[PDB]
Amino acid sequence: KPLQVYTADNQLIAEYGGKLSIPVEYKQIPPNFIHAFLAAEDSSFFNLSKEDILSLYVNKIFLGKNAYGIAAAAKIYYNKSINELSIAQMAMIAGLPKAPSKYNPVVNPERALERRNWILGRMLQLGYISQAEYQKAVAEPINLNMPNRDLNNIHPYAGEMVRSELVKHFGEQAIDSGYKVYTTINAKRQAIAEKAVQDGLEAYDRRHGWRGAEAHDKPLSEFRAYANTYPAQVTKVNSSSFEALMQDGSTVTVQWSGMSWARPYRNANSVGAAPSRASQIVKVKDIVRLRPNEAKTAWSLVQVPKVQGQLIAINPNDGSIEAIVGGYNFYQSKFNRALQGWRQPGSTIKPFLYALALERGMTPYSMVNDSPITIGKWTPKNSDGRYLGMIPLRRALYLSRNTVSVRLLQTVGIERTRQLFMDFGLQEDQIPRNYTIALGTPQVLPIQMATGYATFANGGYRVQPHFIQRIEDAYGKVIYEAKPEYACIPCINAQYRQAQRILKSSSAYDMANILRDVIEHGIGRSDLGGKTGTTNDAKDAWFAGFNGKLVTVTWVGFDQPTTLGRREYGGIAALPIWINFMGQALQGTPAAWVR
């Protein structure tokens, strides 16, 4: 009866176990277990009387860690049936009822063993166990063999998105429901996004160079495989090749072509010279990451990036989350950068403020002033330190001119913009009450940016991102069906709630065409528009783009902001991920621009 997660293509991707109860008939209980409970307590005034009353609770008793009853405890703690438990394990379970958190083997192992051994000592005294049984049982370690009750190995960020969001809003009882959650996640598009982010971050990583082995003279057993990287121990180093021991005991050779890319990393802005020998890259006893080819006939030295990234893709008509990638790989941590990654948008915020200039009567052709500006003490300068004078609004956006954005902010007013940013999705207490908000200094989430860019793809409507299509109970009854706010109700036909208009149709179409011009003046599609973003000191690289059927926002940055390096702008780091995802997601679909 777990919480089951499906993709929009009816594939089960995840299963989340809640409170567990596995009832057993009383005659199925090994004698030593009942004895371990009979000996858990000093005295009973209900010794054969406790036996009759134990029979009424043996299946309901809270045994910590979502375990209700003896069988669920055997399963949760040891992955064993009640038959498989040892004297020591039976006494460990028998000691938990009194205080399952104070006596828990997971949180208090010391306190737990004190309790277990005493019960064993009291089992010995009662004649329940032999002296030999007691001697082994007391000497036995914790032996916890806790199975994973969170099956999430297909599209990890999609599965976790469901679990984590349910738990945040409805608490842990949300899992205990046994519901089937049918998401808006497209499994093909999700598989594409996962591969694209992985490739994008590795491309960035390799050009920034080899940072050395992740560990030296440490046990290989202590490392784990992920993102098609396999831990290995270097055993032999040759002039052009090295030998490594895999986690299965097999010895592999990595030839020159497999490691030659390994120029040493110096900093974000510097790599050393191409390596002239294998000895400059690896040491014997080093823990490296290898990747095989499809045939497994050749191996290469690979590297997990230190840089991070994310992708979020939504339908601009209804806000359906089609694909979501929260980091390089889910094994690293459960942290989802699309939903929780607060970062500065920089220039990706500019189309929002320029669309507000269009609301006021300006056209993409209207002349704007790119001349020096000073407000109070602050002198907003341009990233190139140049001033272009009278230029068209569209050129000013394309070139991301800070003085123009600052001047546009005064002409349109701060509150009017803050309100629009709030309309676009953005958080009220995250949007400052100053002029820096024309530069993309407020913190945003990639999902908010996707939501805001949808206003351009949909004709000026505010959509709300959503991941649930429908929910069923365990019996098959549909208990929830998504009723999103639609930008275009007749577009579903190719139904009920109409989304609110946040921009004039003409402002949205004008902005969409500027972004299309911005994309075409750098794949084989004429229905895409997009905007790059780079924060100060290249701490962030963004790409926010779309067609009329899909909005995609990509981001690249370090979790602890450090520069990505000069040369690492939006169009260089984030855009290739977007291009790779968009090109494959929109492959063999007609042109879909704005209505």
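Numbering follows the first chain given and starts at 1. Here, rigid core means the biggest group of C-alpha atoms that superpose within 1.5 Å across both forms. Compared with the form deposited in another entry:
- Aligning the rigid core between the two forms and inspecting 448, 152, 369, 303, the C-alpha positions shift by 2 Å or more at one residue, which is 369.
- After superposition on the rigid core, displacement of the C-alpha of residue 276 between the two forms stays below 2 Å.
- Once the rigid core is overlaid between the two forms, residue 214 does not reach a Cα shift of 2 Å, moving by less than that.
- With the core held fixed between the two forms, residue 388 has its Cα displaced by at least 2 Å.
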Given for the second form:
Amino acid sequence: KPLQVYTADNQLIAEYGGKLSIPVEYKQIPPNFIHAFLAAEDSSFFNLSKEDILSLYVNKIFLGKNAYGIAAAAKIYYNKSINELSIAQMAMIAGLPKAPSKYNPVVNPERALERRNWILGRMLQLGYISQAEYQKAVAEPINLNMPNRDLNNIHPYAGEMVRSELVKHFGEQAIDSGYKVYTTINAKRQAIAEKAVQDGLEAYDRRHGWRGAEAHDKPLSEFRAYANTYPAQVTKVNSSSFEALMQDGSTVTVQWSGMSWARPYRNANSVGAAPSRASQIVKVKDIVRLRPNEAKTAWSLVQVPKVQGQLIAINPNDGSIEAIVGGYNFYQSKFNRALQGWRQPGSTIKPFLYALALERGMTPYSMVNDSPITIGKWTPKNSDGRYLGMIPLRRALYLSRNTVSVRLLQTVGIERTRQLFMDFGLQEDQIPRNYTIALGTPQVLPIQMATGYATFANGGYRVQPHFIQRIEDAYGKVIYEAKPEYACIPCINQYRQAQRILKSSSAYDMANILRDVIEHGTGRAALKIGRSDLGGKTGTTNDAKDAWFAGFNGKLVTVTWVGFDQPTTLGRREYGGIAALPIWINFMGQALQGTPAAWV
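Next up, the form deposited in another entry. The previous block was the form deposited in one PDB entry.
One chain, no partners, no other molecules: that is all that follows.
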């Protein structure tokens, strides 16, 4: 009965095992196991006596690592039934009750082995085991064969989100419940998101060049496969090719076409000349990552991106988390950038501010001034370093005119804007008390940005992001049913009506301005999706340390981000519209494929 995680389309995706207890009948216990316990302590004053009392505890004794009883310890530590354990393994387990942490074979293997051999010696002294049985047993290593009891192989970011969030708020007891957790995750959309992120980050990586082998002269057993990349040891280097040994022991051949892409990385803004020979790319004993084609007939040299990314997709009517990708791959890093990655949103904040200007009486057609402006020592400048004068409000938004934002921020006031940023889902202590907030200086989580944009997609309401649809107990009884705040209660085909944070006119006008952003500049990239219900805003922070895209239709809000964990420039040429927008495009195109137009 483990904690089970299901998508919204009823796919079991994860199984989280907690406290384990597999009761056994005293008669089924191997006599050597009973003797191991009987020789575990120097004195007993309850011999025969301890043997009669052991039956009361043999299925409940806590033995470390969530194991209660002898059968649970055999399963957790060795992937064995009690009858499958060696004398050394029975002695190891019998050593644990006294202190399951001081003698744990995982935490303290030397002290555990010390304890185990002490017991083995006692078994010999008591004549429970022979010198041969003793000699064989003492020689034996720890031989732990621990089965992973946390199954998360289909959609790892989704499964982990449930486990880590339940454990964060309610502790380890949350997993011991045996509950069936029914999430809001769309399995189809989750697979799209995973693939879009992986492809998009590999696209960035390939254009930035070959960064060399991940290791040289190290054991191949020390590297793990993931994101369809297989650890390989370079064994031979030719003119146009190279031979390499896999983890199965086979030798593959990478031809020129599979490595010719390898222009050397110099810096974010420079790659060396196209390689002219295999020797400029690989050395023998180098550890490379390879990827086969669909057939497994050809292999190419690939690279795991150093850059990171994320994707978060929510339903704008209720805040349902439809797809979540926290990084390039869950094995690489368990950290979920959609929920834990604090970054500056850049110009993706501008729609929040421009909505306040619409709220206070302006329209998308209202004339605004794109001119120089100074506030103390601060002289905000546009990306292009040019000024356009009197332009309509919408031109200022689709062209990210910094001076206009700062001017609107003067007109509307910092406090009204900070209060508005909060109502859109941002954090009080993360929003500065100055005029730089108009440019997107606050620290945000991509999930908060999706919360914000949902307001445009749903008619001006604040929704709350949620991942649980319902929880059932092991016996199929519904014990929790999500009661989300709805923007539009009639749209569902009752309960909690979401608060209106913008006038309908303001969410509507902003949604149309954002659709214009897509039907012009970025834009010319996004309109490659043959759909007329899409709106969005690109963003780039100072020196391209972040590339963002936040966009929607009336049924789905997606926020994509690309950047390095330790903030570095992505490269001169790498605006939001270039690095993040492609991921957003592949996701939205496939996610929305075969659904009618859905607008505000």
